[PDB]
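Engineer: Chain residues, written in single-letter form:
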Amino acid sequence: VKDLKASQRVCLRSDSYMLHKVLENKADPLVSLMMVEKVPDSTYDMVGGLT
Amino acid sequence: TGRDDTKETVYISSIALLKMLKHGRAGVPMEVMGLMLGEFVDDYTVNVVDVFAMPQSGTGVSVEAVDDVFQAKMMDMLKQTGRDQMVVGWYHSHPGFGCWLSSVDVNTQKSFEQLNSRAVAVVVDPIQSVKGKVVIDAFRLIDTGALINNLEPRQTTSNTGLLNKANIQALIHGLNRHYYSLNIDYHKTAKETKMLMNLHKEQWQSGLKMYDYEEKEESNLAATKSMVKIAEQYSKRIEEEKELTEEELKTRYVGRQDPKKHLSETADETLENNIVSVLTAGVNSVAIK
Amino acid sequence: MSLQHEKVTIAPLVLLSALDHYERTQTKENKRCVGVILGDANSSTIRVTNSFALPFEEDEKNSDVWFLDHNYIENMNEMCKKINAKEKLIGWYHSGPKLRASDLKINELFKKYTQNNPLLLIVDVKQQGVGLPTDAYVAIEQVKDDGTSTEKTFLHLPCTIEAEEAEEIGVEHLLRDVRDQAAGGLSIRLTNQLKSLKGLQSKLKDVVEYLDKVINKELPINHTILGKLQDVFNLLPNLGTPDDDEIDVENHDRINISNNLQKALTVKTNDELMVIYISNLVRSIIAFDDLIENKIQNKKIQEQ
Amino acid sequence: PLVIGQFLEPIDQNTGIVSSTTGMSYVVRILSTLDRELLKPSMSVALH
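Residue numbers (the deposited numbering), protein chains in the order written: chain J, 104 to 154; chain V, 18 to 306; chain U, 1 to 304; chain K, 93 to 140.
Treat the hints with care, since some could be wrong.
Computed list of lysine to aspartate or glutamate pairs in DMTMM-like fashion (alpha-carbon distance at most 20 Å, straight line) [what the hints assert, rightly or not]:
| # | chain 1 | residue 1 | chain 2 | residue 2 |
| --- | --- | --- | --- | --- |
| 1 | K | 132 | J | 140 |
| 2 | U | 217 | U | 141 |
| 3 | V | 208 | V | 67 |
| 4 | V | 96 | U | 243 |
| 5 | U | 268 | V | 256 |
| 6 | V | 226 | U | 141 |
| 7 | V | 218 | U | 243 |
| 8 | U | 81 | V | 84 |
| 9 | U | 111 | U | 141 |
| 10 | U | 263 | V | 249 |
Quick caveat, the hints were computed from the structure, so don't treat them as lab data.
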């Protein structure tokens with residue numbers, strides 16, 4: 104319970120809802136928003152002219 | 018004491034399994050019942066040779082929902098054919114939940130226990146069954162004396178002493194409360210094995226028929242073309258391979274569901290079919306004329 | 001009655017029940033357990049769902065003597081309507097081992113109880129044929145081939161056997177063999193080609209023999225057999241035709257592709273070799289490094 | 093039979109998070125030799 108903290112997602116098992124594993128992944132539309140847009144491959148050199 | 022309070026390992030035939038299952042599933046959702054006819058010997062063996070179903074009820078299985086006039090009528094037939102055997106327990110299907118027992122079914126259980134000292138209850142849940150064997154267990158009453166004076170686990174001794182769970186959650190709950198479960202076994206004589214299996218008359222026709230050739234030009238054409246797309250990616254995987262970690266190899270060049278494993282698999286499986294096809298074709302032409 | 005009946009599928013519950021009944025009435029030595037067959041009919045596919053024994057005797061001295069219980073059928077039909085709604089009398093089984101001409105006479109009486117034409121379903125209790133033991137028949141009437149005598153005789157209906165998905169799971173896993181109803185790898189498919197050809201060989205022999213015994217013994221002529229077997233000769237392939245030449249172009253195409261598939265698998269196993277050859281150099285260096293590194297450790301202990 | 097969900101996000105790469113039309117939300121195990129590259133975009137999925 105020390106390896107747990109309040110407002111930490113946690114996975115459960117069967118219909119007992121016994122704790123299984125800890126979820127350190129948190130699925131949100133905030134995230135999907137960034138996921139379409141990816142990490143961009145515009146570089147500084149292309150904006151070269153003004154440094 | 019006067020007893021050994023031990024549960025049998027239950028031998029269910031070929032003849033009984035299919036009857037139990039067919040009636041449970043056609044009849045589900047709706048709890049249904051019927052008796053089990055068998056032979057008792059030893060104290061560790063109980064045979065479920067045959068079974069017969071007893072009519073539907075929507076009030077579930079009760080002692081006040083069974084048809085005894087029907088049971089009597091069947092036993093009258095059973096005597097005229099000369100197949101009479103003693104009742105060895107009873108079977109029922111729950112309609113949608115795992116093997117466990119409700120209170121109402123303990124009341125039904127209790128009176129078979131009185132009639133025949135040792136008797137079993139085989140419970141078939143045919144819609145959590147998918148191997149014809151899973152979510153089917155036998156159960157048997159535990160006495161109230163057995164819990165308080167520790168004469169419950171005399172059935173863990175003088176048997177295999179193993180219990181194989183199909184539902185971990187469901188069995189364990191009634192394992193102390195109101196039943197002890199012991200594992201189920203299957204049997205047949207060799208006459209039965211051969212019958213159950215069958216030998217097909219179309220097994221010999223499909224051997225000696227070479228399929229249409231339109232579907233074969235397509236087969237070779239499609240397969241050889243598809244292996245070009247993944248042949249190329251097999252090079253890119255192994256550009257480096259001297260890098261550590263197996264997951265790592267698959268993350269750099271996108272070797273997820275590996276192109277080595279897939280491409281090989283495709284090579285073995287079209288190869289198996291083409292050898293068999295040239296075999297069948299050459300057999301038919303040389304054989305027939 | 002019924003004019004829809006092409007095939008009878010049989011579940012393996014029915015085949016086993018009949019088998020049990022023979023051995024639980026104590027009727028053996030070519031005596032007869034006869035029972036009623038239960039399930040849906042009045043369909044192209046007849047499906048037999050269940051079966052139960054009927055009281056039955058026979059005396060092989062005179063086969064115009066047998067015992068069939070008239071009380072028992074009614075009582076069983078009433079009970080059987082309750083368990084499933086599928087179940088109604090759609091014939092009677094015979095326990096074989098052959099089709100006796102004594103089986104017509106029984107079938108004649110049996111028509112009255114039934115709501116269709118009764119079926120004569122032979123289930124053999126000792127296993128036979130490269131094909132199934134189980135062969136189905138329906139009573140029909142027709143003119144002979146001598147153009148004289150309209151005789152009620154028995155029309156073979158072919159069989160393949162089927163079971164619902166309810167029953168089938170329990171069949172597949174109870175079985176603890178290779179199975180002739182499923183198959184594994186290439187190795188099992190070589191087996192299948194030998195077995196399938198062996199069935200042809202045996203079956204051809206029966207046809208020749210039948211032709212012999214017609215012209216020797218002088219059993220009566222059948223234009224049903226002789227007529228069907230007339231077709232076989234025109235269907236027959238021959239050699240030296242343009243058609244066989246088209247087979248050979250296809251045989252080159254299929255073996256060539258099997259050559260390229262084989263070459264591919266040479267590069268695959270040539271890969272595994274490499275991985276091991278890399279694995280061998282890394283393992284041999286680190287294995288030895290450890291020993292050297294341990295000598296120094298031991299050396300600290302010795303010194304003081 | 094299958095029952096149709098909508099695939100949300102991978103939480104691992106062998107275990108995922110889905111939603112159903114059943115009215116619930118689950119954690120499910122992803123079976124092997126199937127594409128893990130087409131679970132990145134949220135798309136309809138089928139659960140047993």
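Engineer: Give a verdict on every hint.
Structural biologist: Now for the hints, and whether the structure bears them out:
A threshold of 20 Å between alpha carbons decides the hint, and for residue 132 of chain K with residue 140 of chain J the separation of about 13 Å falls inside it, so the pair holds. Only pairs whose Cα atoms come within 20 Å are accepted, and residue 217 of chain U paired with residue 141 of chain U is rejected, the gap being roughly 27 Å. Proposed proximity of residue 208 of chain V and residue 67 of chain V is supported: the alpha carbons are some 16 Å apart, at most 20 Å. This hinted pair does not check out: residue 96 of chain V and residue 243 of chain U have alpha carbons roughly 67 Å apart, beyond 20 Å.
This hinted pair checks out: residue 268 of chain U and residue 256 of chain V have alpha carbons roughly 15 Å apart, not beyond 20 Å. Our distance criterion of 20 Å between C-alpha atoms is broken by residue 226 of chain V and residue 141 of chain U, whose separation comes to about 34 Å. About 29 Å separates the Cα atoms of residue 218 of chain V and residue 243 of chain U, which puts this hinted pair outside 20 Å; it is violated. Among the hinted pairs, residue 81 of chain U with residue 84 of chain V is consistent with the structure: their alpha-carbon atoms are about 15 Å apart, no more than 20 Å.
The straight-line distance between the Cα atoms of residue 111 of chain U and residue 141 of chain U is roughly 14 Å, inside the 20 Å bound, and the hint therefore holds. Of the supplied pair hints, the one linking residue 263 of chain U and residue 249 of chain V holds, its CA atoms being roughly 16 Å apart against a limit of 20 Å.
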